[PDB]
Structure formats: structure tokens, C-alpha cells
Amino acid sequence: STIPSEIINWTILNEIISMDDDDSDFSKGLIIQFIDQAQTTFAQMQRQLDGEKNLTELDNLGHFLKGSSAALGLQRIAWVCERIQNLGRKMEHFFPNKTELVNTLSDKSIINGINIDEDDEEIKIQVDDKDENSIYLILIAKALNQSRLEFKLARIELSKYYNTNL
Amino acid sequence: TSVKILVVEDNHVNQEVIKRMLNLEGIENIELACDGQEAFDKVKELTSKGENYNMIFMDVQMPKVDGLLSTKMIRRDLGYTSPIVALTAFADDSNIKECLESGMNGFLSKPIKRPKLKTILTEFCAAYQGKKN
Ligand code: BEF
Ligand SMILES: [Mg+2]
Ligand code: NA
């Protein structure tokens, strides 16, 4: 699969917005809930990477956020989540570099006034204590760093749509 | 009442989206379960009353008991003869085949769009009456 180029699939998000009826509390409320969910889920994934290193839990966390980001049209986040799930299942064996993935953006210029590595966190993992499961953990850490970037980009586009910091 | 649907789903955002879609389809009697055990328990309680849920939408990955095991328990241990449709962030043919072979009648992948939900309801949902421009 290739990551989608557009941060928001407006066909899906417009459909969500169309269900508001009257003020916008339904759709904006789901966006706000998702944002919180994403922060909680990233912290959980990081805790696994730094701690228990449970690939099944990482797969469950990926799959969890995939469903919600997909339902809100946040399709690049959903794609990276699907990669995490598959890495956690040992069903994939690579994850693209950040430069390759940022170059696929449709509004490729959205990456101009921010540090694309700002939210990066490094995986506490010995080498030293390395084994057959190390690649999956290290590629999931790579993927999570991508996910935090995709999340910041989605928040930028959403904040611009809502004319308010979300 | 009239039509009664169970949505089984651990992600609250997804619960809220499908609930709103079903409400828009004129279905107000929607119950929510957060995992496969809770789903079993609810279908189990309604089993006593002597009524089915018209339909169950079943997520696959959930803590405690997943949707495949949930379906197996509901089919095997309980009477259960009414439709169960996978509603899940999956995926590929392995997942679809697994769901059908576990005793699910059909399969929807997220995001579920309103027109496609309409088709599933017409296909599988008992008393459902739908409009309409
Ligand atoms: F967790 Be479900 F399979 F989207
Ligand atoms: Mg789930
Ligand atoms: Na049913």
C-alpha cells in the first residue's frame, strides 16, 4: 500500500459533519474525543516500547486508533496505524523513512514552518539485549514517530478548518 | 422499540458514529457493548425475554473476548439465530473469511458509509423500513 496523499479525506469528514443537524457539537465533539484518544494511545504505545515490549498490545493499540482515525477521514494516521498492527503481527518487515512519507503529501508545502522531528521519541532498547523481536519493536517505534508527525499535521489542518487550536 | 440493534465496539468514537447513522435511519433502540463478554451477556439477557436483537454489529478486536469468540459463544451457547455483521477496522480476505466462518452473516469495514449501511439493513434487518430521497 501507498500512504494516502491527503491528510483529511473530505468525503468521509463531510459525511460526519452532515450528521450535525444544528450547531456542530456532534462532529467537533468527535474530533476533540479523537484528539484525546490519540494522545492516550501514543503514551500507551510509548510505555510498551520502553517497558513490557508486548507486540500484541502494540498491535491492539494500532488497530484501536486505526478505526477511529479512519471513521473521521484522518486517513494518513489510519494508514500508519495499520502498519503498526501488521508490524506487531510480524506480517510486515519494513517501514518507510520520514522523508519518503512527507514527500507523498498533496499539500507538500504544509511541512514548511515546523520541525518534523519535534515530537520524536527514541526507543529504549538494548543491542546488547537484541533478539528476533527487535526489528518489529524498532520499526513500530519508527512508525510511532511518523504517527506523531501525522497527528500534528492533522491538528494543523483541523485547527485551520475550525479556526481554533485543537 | 420495534427494531432493536446491538453495537459491539470498544472504541467510543466508532460507537458514536454508527449510533448516529442508525438513528438517522429511524432506528432509535440501539444498545452498546464494549467487548465480547458484555455482548454475550446482553444477548443472553434478551434471550430470556424471548426476543432477538434484529441485528448485531460486531467489532473484531476487543479486550477480554474478541468478536470472533463472542460470535461463537452467542451461536453455540445461546439460541442465537439472527444476523451478526462484522463492523471492524479490518481488512483483507483472511479477516472476512474468518468472520463468516465464525458464524457472522456479513462484513463491513470501517469507515462505514451511510448508503452502505442502508444496503446491509435492507439485506439483514428484519422489521427495518427505509426511505427515501
Ligand atoms: F477493533 Be475492530 F476490529 F475495529
Ligand atoms: Mg476494537
Ligand atoms: Na441479531
Given for the second form:
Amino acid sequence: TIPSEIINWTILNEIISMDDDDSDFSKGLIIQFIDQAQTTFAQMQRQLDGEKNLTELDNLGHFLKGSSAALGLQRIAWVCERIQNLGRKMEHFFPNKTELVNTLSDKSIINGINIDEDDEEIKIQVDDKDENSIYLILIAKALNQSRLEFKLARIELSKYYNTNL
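Let's compare: the form deposited with the partner chain bound is above, so bring in the form deposited without the partner chain.
What follows is just the one chain, with no partners and no other molecules.
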């Protein structure tokens, strides 16, 4: 089950302690993650729209799962594990946006935003001859969830650091 909190404070507080003798330490880590995440989402999108290679989608997901987990962005890590697992054909289902957002502990973070704003259209035609169709479409869905979870994390990190991240 997807964690309810966007940020795992147990983890992030530990990274933040190390800001005492290095002011920009944690913040530099986040800014670096923000950049890597945007590049990975674009590459995942390019796969879905181009060669549709599940192995690369696996590597991409795996990679982002690591970065995000280290920083305590647990909901992003969870969706990345879904992408990895379904690109590896080990999973066959991905929940709807409505179920996933209902898991938030503080639903107020979603009050002024449009949950589908960052959505990309699923341009995969169901092809019952391509054994990879359903997985590609499920990954397309998970990618859309990742994008929302990424936005939610930036909103939270922004209020903590007090600046647009």
C-alpha cells in the first residue's frame, strides 16, 4: 500500500541535521533530485511514445525509486516501484488516481490544484497481438501518477524551504 505521507520526516530530518555546518546541504540535494526527476519522466515518456522497451522503463523506474527513497519522498518511490515491477511483467494492475489521492493523510494539499494538470494522453492503441500492450498502458497510467506525486512533493518541500522548488 502507498504511504499516506508525501514526506517521510524520519528520513528527511536526518539529512537536514547535516545543514548545521553546510547551509545548502539538504536543499542542494532536493534541487538535484528535482532536475533528475524531470529528465527521467521525459525519458519514460519518450519510451512510451517511441520504442516501448519495458527493460528501459524498468531501469528508469528502478533508478528514480532509489533517488526518491533516499530523500524520503516515499509516495514517489512507491509509484516508481510499480513502474519497475510492471515493466518487469511482475505486476498487472495499477490503481486509479482517485484511490491513490484518497490515501493522503492531509487532503488539504490537493485543495487548490488540478489533479490532472500534468497528465499526458495515453497514445498506446490496445493491440491484442502485442503482449506488451496492457503493461505499456498501465505504465502510462503510473507515469501520470508519478507526475502528480512529484508536484505534491514540490509543494510540500517549497513550504518547508520557503521558496519555489
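Residue numbers count along the first chain shown, from 1. The term rigid core refers to the most C-alpha atoms you can superpose between the two forms while keeping them within 1.5 Å.
Annotation for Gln126: C-alpha shift of 2 angstroms or more between the two forms, rigid core superposed.
For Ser24, the Cα deviation between the two forms after core superposition amounts to 2.5 Å.
Lined up on the core, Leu87 has its CA atom moved by 0.4 Å between the two forms.
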